[PDB]
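Let's start with one chain on its own, the form deposited without quinoline-3-carboxylic acid (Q3C), as structure tokens.
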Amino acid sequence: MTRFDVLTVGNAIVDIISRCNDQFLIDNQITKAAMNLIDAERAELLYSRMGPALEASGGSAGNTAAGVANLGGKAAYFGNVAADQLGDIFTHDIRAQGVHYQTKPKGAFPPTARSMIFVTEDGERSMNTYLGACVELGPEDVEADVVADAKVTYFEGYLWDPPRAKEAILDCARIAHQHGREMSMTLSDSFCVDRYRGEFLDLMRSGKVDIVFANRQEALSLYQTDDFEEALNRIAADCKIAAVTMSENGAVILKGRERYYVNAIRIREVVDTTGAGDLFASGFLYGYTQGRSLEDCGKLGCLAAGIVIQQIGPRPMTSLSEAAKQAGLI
């Protein structure tokens, strides 16, 4: 028996969410459906143009941890906030979900990361992220005991943007594999992949990463192809297990030559896609650390993703464990 099922590591972010029309994205040169990194000046400018908003704790890996805890798994999180009101909100929300979170802030400045997320009528989300205190995450924030005691350590591709987070991840990989644990990553975003293609391929091919999460766009970006079948063949060769999501078209889990297709749950209406991939990783990794079949890990993933897209905000406000029980995934 181990202390944690899943440790996640990522950029600690509070989301600022508003709806906009499609013209708003064009006028503000915001790349639709993408993570757009912005500086402090652009953050102020975009906020000045944004409509009334709501705030919720975010961060891709933060969301994933919360989702694991929600399903009933034991989760931990590494990520760096500031000693400010946004940081206090982030700390409260993740701990309140029952996730182990002990990363200390290093001061009030830079302030806690925030992402302005614009949700269009089609439910798509376009994020505009000021990293703030995330730039300070480094090897000093690795709780070695936690990595040692976690069945899976999962991290964001997004961590390659701040300067020193990658060093922390390399320490995690070493500790995890020394203790017979597994390392997992999400490719995060297709432009993220564009930025760090060589590095991400290295992580997988050298076996520092065991389990890779991607959506169709990220997988195409990774191999700079328009051929999805090529991309699936290549990703399966480059990592031990790949879980590749295809929105409404479901998911496919790959292992060597094995392929496991999973249906997406049928939706009433796509409210806000924010958090879909994160909560897919929640369900998959909850399943995985419970010893479930890869198909069942896929099903748990699709269940969690389907639920999170029917609400505003990235972390489900309802019981995932109860939804899983009702679904006979249990």
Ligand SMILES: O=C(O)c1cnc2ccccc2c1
Second form
Number of protein chains: 2
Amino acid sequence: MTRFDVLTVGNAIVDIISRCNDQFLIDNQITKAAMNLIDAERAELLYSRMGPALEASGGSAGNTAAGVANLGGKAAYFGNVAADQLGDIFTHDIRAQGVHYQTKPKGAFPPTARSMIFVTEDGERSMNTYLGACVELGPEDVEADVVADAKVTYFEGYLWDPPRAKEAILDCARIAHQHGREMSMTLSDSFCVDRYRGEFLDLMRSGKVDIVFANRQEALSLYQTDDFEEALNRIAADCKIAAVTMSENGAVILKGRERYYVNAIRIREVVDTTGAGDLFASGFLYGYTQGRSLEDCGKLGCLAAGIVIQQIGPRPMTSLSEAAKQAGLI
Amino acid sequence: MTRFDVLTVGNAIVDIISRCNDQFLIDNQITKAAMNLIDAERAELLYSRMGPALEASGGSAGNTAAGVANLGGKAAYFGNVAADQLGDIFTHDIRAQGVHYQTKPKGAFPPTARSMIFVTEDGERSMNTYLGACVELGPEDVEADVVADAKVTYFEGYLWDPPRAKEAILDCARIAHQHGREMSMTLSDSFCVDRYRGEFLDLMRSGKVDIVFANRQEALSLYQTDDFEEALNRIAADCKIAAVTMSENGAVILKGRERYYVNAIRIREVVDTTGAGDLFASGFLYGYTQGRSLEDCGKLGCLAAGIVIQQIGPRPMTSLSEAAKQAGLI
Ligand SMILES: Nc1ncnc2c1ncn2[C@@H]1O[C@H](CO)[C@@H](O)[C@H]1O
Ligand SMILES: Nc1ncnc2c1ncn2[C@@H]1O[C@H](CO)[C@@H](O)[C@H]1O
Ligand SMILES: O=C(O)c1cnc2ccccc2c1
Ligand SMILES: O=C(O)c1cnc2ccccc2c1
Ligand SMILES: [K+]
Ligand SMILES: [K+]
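Could you output the structure for the form solved in complex with quinoline-3-carboxylic acid (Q3C), given that the previous block was the form deposited without quinoline-3-carboxylic acid (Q3C)?
Shown next: the complete complex, the earlier chain at its head.
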């Protein structure tokens, strides 16, 4: 037996969520649908203009770990918060979901990362992230026994922004592979891909990453193309398994020459897209580590993603395991 | 012209909200549907057992002020937070709603008040409140110019728990009445009524309070009776105006021998009753300060209350003014 199905690694963030009109994004030069990095001064400025908000634990990989636990899988998470109230919230929420979380805060400054997420009327989310304590994550935060004992270790492309997180990831890759485990990454965001295009390709081609998650926008960015079919062929050539999401058009799972298309759930109304990709990865990786077919992994991913976009906030407040049972995915 | 329609005064609290099953309340000796005061040790214990949560600025009077501002009235708030992250969240949310809020924190300790609110499947809410920095609210926090320039000053019965807040309220009553303004209170909670029964009756009978808000449970507690008609007759004898809510049975507004019955609005589902009474007071006091009939104040209250119970969290995330316009209450 193994201790963990999925270890995830990412920027530990608390989300600050509000609604806005379309003009707000233009007025404040916020790139729509993207992760916009911001400094402390810009954080203060944007917050001063933001309406009344709700807070909820976030972080892309944090959400993915929570989702795996919610489905009934065994999950762990590495990510660095500060010894402050936001860090206490983050710690509580992830542990309360039944995710192993033991990364120790290093101090009160920089403070715990937060992301001001503006949700427009169409349900799109535009994130504005002050990394704070995330900049401190490094090799010292790798719990080697956890990596050794996890079927899959999954990490964010977003980790390439803070300075030393990549060193922790390279350590994880070494340990995972020495123990016959698999490594997975998400491309995270199309501008993130643009920042780290060559590095991401190298991760895949060198075999440090076995399973890659992308959406359409990320895949097009990765190969600098408007040809989605080219992007699919290239990504299949670059990694052992690729899971590519296409929003309302569902998803496609690629392995060598194999392609498995999955339909998206028909949605009544798109409330807030925050967490869609994260929860697709939850469903996929839960299925993968239970030995399910690639198609069924895709189905579980679409189920989880469809649920999270029908609520405000990034982590499903309902039972994913119950939903999967009703769906005959069990 | 006056600067403010409604000044509210209360315990400044950030809510930590989670769903639980019925047995959780019993196992943890949480009194269902009530405000349960807790110390620091008990807060740590309950939080350790609480599921993943979301945070939202709360405080009964805070919610009421926010609701008045939402409807288009001019609101102000007195309430004390700490110089910490939770206090910064509280400060942001109330000011971002357009409420005047200038109560200065006295340091970082005691920390900002928080309430762990457990919502059961029936939508009832059971609150567990650590008062923290609320214990420091005192006469020093009365902005006399704001009280002088507000049509109505409204305060929580909950203020009788912290040690010095009542002195600030007595100062408010003096200033308000010297400037020809009106004072209002909510009975807050049936156990709060039980703690301060004599003091609350005296506030009304001495004329320090002109307009009283109660629900059925609070009115029955106030007069220690199982007879609701007796409670209505007695409350009408004790205060100039009484607004008494009755959940799905709407409300009754009493003035001398005048009685005005108002129906609850049709709702999709009871998602979370948190803030129902607070927002009833918002709608009522908005109407009242706009010169509306007592019946129309009741209707505005039932509208605001009905909206808030159909969402998670204590402050409506949608426009109350727009809903009022659509409902023909305008
Ligand atoms: N730079 C970042 N790194 C990792 N996660 C992020 C970043 N910015 C925003 N997020 C998270 O992305 C999630 C949605 O995918 C949100 O819950 C938010 O916390
Ligand atoms: N002791 C208290 N005093 C004032 N407000 C409170 C108290 N406990 C809980 N609340 C608030 O009551 C609101 C619901 O009426 C919640 O938003 C919560 O913050
Ligand atoms: O080079 C491109 O074609 C390309 C495609 N998509 C992008 C998205 C974000 C940033 C750069 C991109 C660049
Ligand atoms: O004295 C009573 O009749 C009475 C009624 N309701 C209550 C609710 C809470 C606490 C005491 C109460 C006391
Ligand atoms: K969401
Ligand atoms: K509510």
